[PDB]
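Chemist: Chain by chain, the residues:
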Amino acid sequence: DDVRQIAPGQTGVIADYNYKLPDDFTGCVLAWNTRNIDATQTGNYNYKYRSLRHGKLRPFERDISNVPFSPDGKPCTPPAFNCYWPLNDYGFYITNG
Amino acid sequence: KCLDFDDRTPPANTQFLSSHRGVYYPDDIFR
Amino acid sequence: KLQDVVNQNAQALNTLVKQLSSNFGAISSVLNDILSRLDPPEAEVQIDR
Amino acid sequence: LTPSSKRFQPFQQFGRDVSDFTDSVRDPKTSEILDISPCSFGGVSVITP
Amino acid sequence: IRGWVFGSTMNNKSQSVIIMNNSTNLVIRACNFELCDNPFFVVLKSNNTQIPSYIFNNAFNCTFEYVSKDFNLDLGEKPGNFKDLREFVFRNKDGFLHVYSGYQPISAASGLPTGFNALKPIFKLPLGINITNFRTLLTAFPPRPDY
Amino acid sequence: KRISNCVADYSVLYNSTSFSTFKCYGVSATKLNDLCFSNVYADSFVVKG
Amino acid sequence: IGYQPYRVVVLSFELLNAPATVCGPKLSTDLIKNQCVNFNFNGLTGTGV
Ligand SMILES: *[C@@H]1O[C@H](CO)[C@@H](O[C@@H]2O[C@H](CO)[C@@H](O[C@@H]3O[C@H](CO)[C@@H](O)[C@H](O)[C@@H]3O)[C@H](O)[C@H]2NC(C)=O)[C@H](O)[C@H]1NC(C)=O
Ligand SMILES: *[C@@H]1O[C@H](CO)[C@@H](O[C@@H]2O[C@H](CO)[C@@H](O)[C@H](O)[C@H]2NC(C)=O)[C@H](O)[C@H]1NC(C)=O
Ligand SMILES: *[C@@H]1O[C@H](CO)[C@@H](O[C@@H]2O[C@H](CO)[C@@H](O)[C@H](O)[C@H]2NC(C)=O)[C@H](O)[C@H]1NC(C)=O
Ligand SMILES: *[C@@H]1O[C@H](CO)[C@@H](O[C@@H]2O[C@H](CO)[C@@H](O)[C@H](O)[C@H]2NC(C)=O)[C@H](O)[C@H]1NC(C)=O
Ligand SMILES: *[C@@H]1O[C@H](CO)[C@@H](O)[C@H](O)[C@H]1NC(C)=O
Ligand SMILES: *[C@@H]1O[C@H](CO)[C@@H](O)[C@H](O)[C@H]1NC(C)=O
Ligand SMILES: *[C@@H]1O[C@H](CO)[C@@H](O)[C@H](O)[C@H]1NC(C)=O
Ligand SMILES: *[C@@H]1O[C@H](CO)[C@@H](O)[C@H](O)[C@H]1NC(C)=O
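Just so you know, the protein sequences line up as chains A, B, C, D, E, F and G, in that order. With the first sequence counted from 1, adding 392 to any position gets you the entry's author numbering. With the second sequence counted from 1, adding 18 to any position gets you the entry's author numbering. With the third sequence counted from 1, adding 929 to any position gets you the entry's author numbering. With the fourth sequence counted from 1, adding 538 to any position gets you the entry's author numbering. With the fifth sequence counted from 1, adding 98 to any position gets you the entry's author numbering. With the sixth sequence counted from 1, adding 343 to any position gets you the entry's author numbering. With the seventh sequence counted from 1, adding 489 to any position gets you the entry's author numbering.
If you're looking for bench data, these hints aren't it; they were derived computationally from the structure. Built from N, CA and C at the ideal position, the CB exists for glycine as well. Treat the hints with caution; some may be incorrect.
The following label-pair restraints were derived from C-beta to C-beta distances [what the hints assert, rightly or not]:
1) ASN31(B) x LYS466(A): 50 to 58 Å
2) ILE149(E) x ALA399(A): 49 to 57 Å
3) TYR245(E) x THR534(G): 55 to 63 Å
4) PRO224(E) x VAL497(G): 34 to 42 Å
5) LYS515(G) x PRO970(C): 19 to 27 Å
6) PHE34(B) x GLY369(F): 50 to 58 Å
Derived contacts from chain F toward chain A, CB cut-off under 7 Å, selection only [unchecked claim]:
7) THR360
8) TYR368
9) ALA372
10) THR373
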């Protein structure tokens, strides 16, 4: 469901916080299904994505940090209230749609 | 490692004029 | 004859102002409306018109 | 295509005139600058009774 | 002047790129750096030789690496007025760091000499890092140890 | 259904729902955060794929 | 997947023409007068006094 977000001018969790294309992008985008390789019966959680970020990432900009996220913006610890881990794991199963 | 310098003067941020400097080639086309 | 000359000059400038409300194949003649609503790629098509 | 006296820097491959027409190119195999010119340069008129 | 360090937080909480030029070759390293608060090179003034110095403590999770060809650099202290002017333009756009360079012989004693110089593009580094801050890297000439 | 007097922050839709189809007409998706909307209605139904 | 159920929501609205009660997440500022400013009014952006 996130493949459609790999395109210039898109919005979403991937386009905002993970990967963005320029409005004047020149190139090609290729995607193919890998359910046989990247999915398992017990579930594959090795792939992640950033779900929380204060500002949208710029075109072709990358953010590989892992800092606890607070909507207020102050530093916090994960056990504290309103403090989360920005990275969420994809749950890839064989039986997934 | 990570050595520190003691008894340092503040920079005071002196100001100057750019003059005509800072021009760079805008593209790869020969003109 | 002198009045006709001054009338034509004023009429030409007033026609110029009224033609700013003109769409030319665009969604709107208001430049701010287009820019507040579209990306630079999509607004480029309307602004060029 | 004619030999050119233009000197290209290593980061330049094409050249353009004031009309933005590509008039110079560095040959890939042999790094020589060549001049591109239009094939039409004729002023032609026809006289008929 | 040996190079620069460009990064958003200037610690190991984010990626930073170092374009330092050591005595032997130019090194561009975009990595997760535990940057020292006071990074420098050290060349002994009497000896005119470069000895190892630390710019960062540790490096990890790191993406981009480039090493230039070997060349010889003169570390000796020099007398007189300023002899060289090296101009650079750094631009960060679309995940690329554009570096434009130019060189000029000058004889000014102080200030920035007036003039015109066109900088040619030398680098287009595909780093894709957020750059909001930078720090220059200067070499030190310590005459006595501990000073 | 009519929607009024609210803040359209769709970032809360992240991590809760996943849309296979999302297409906007007359507006830009990246422009959705900077706009105020008038007479907004939501139509709900179910179709097949 | 062709014969699986899909829930569809269609949002309809108007932009920059009528009073708006639904707005995107933005922080308002103090009203500055008699100066050239970049203004945003219910999603309508521009420059003026
Ligand atoms: C300036 O920085 C460059 C790049 O970091 C330094 O060059 C690198 O120096 C290291 C240590 O000498 C080299 O590692 C060695 O590689 C050889 C095999 O080539 C191996 O047998 C040694 O055990 C060691 O791993 C590294 O290859 C070399 N990189 C290149 C290609 O230049 C350079 O020494 C620095 N100069 C100074 C300290 O001013
Ligand atoms: C580059 O990093 C800076 C600093 O982390 C980012 O600035 C933050 O931006 C967000 C969203 O506007 C604010 O909520 C924070 O308060 C800002 N922090 C500081 C200290 O300035 C900046 O957005 C980043 N740029 C990109 C696009 O990656
Ligand atoms: C690329 O290949 C071409 C064809 O082999 C080279 O052109 C020839 O080069 C040889 C040796 O210099 C000459 O004797 C021939 O007369 C050349 N022929 C042509 C087509 O002019 C060309 O020099 C090669 N370029 C590079 C990058 O090595
Ligand atoms: C990231 O940087 C921090 C701050 O420099 C490092 O924390 C220091 O770690 C060293 C070695 O264990 C200690 O001597 C310091 O006292 C620590 N300082 C603080 C403020 O905690 C941290 O170890 C670095 N992490 C990595 C992986 O490089
Ligand atoms: C001077 O430099 C050489 C080569 O690096 C070194 O062997 C020598 O010990 C140095 N002498 C001093 C003054 O430290
Ligand atoms: C590098 O990134 C990964 C994934 O975010 C993290 O698990 C790892 O701890 C990071 N590097 C180190 C050694 O801190
Ligand atoms: C989604 O985000 C909410 C916070 O808005 C959190 O409580 C929840 O654990 C997250 N994950 C889900 C719903 O799978
Ligand atoms: C809807 O509510 C259920 C029950 O609380 C929850 O499990 C599910 O994740 C929610 N989905 C959305 C779209 O928030």
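Chemist: Less than 7 Å between beta-carbons is the criterion; does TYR368(F) satisfy it with respect to chain A?
Modeler: This interface hint is violated because 14 Å lies over the 7 Å limit.
Chemist: Can you tell me whether the CB distance of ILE149(E) to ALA399(A) sits inside 49 to 57 Å?
Modeler: Holds - the Cβ-Cβ distance for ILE149(E) and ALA399(A), about 53 Å, lies within 49 to 57 Å.
Chemist: Can we keep the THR360(F) interface hint, with Cβ of chain A closer than 7 Å?
Modeler: For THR360(F), the interface hint is violated, since the closest Cβ of chain A sits about 10 Å away, which is over 7 Å.
Chemist: Using the Cβ atoms, figure out if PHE34(B) sits within 50 to 58 Å of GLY369(F).
Modeler: 52 Å, holds
Chemist: Given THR373(F) as an interface hint, is its Cβ closer than 7 Å to any Cβ of chain A?
Modeler: 5 Å, holds
Chemist: Can you let me know if the beta-carbon spacing of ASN31(B) and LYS466(A) is within 50 to 58 Å?
Modeler: 31 Å, violated
Chemist: Given a hint of 55 to 63 Å, does the C-beta separation of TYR245(E) and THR534(G) actually sit inside it?
Modeler: Holds, since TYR245(E) and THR534(G) (Cβ atoms, about 58 Å apart) stay within the stated range.
Chemist: Taking the beta carbons of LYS515(G) and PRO970(C), is their distance inside 19 to 27 Å?
Modeler: At 23 Å between Cβs, range holds.
Chemist: Interface hint check: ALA372(F), Cβ to nearest Cβ on chain A, cutoff 7 Å. Holds or violated?
Modeler: Hint on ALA372(F): holds, closest Cβ of chain A at ~4 Å, below 7 Å.
Chemist: Do the Cβ positions of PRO224(E) and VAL497(G) conform to the proposed distance bound of 34 to 42 Å?
Modeler: Hint holds: Cβ distance 41 Å, inside 34 to 42 Å.
Hint compliance for this structure: hints 1, 7, 8 are not met, and every other hint is.
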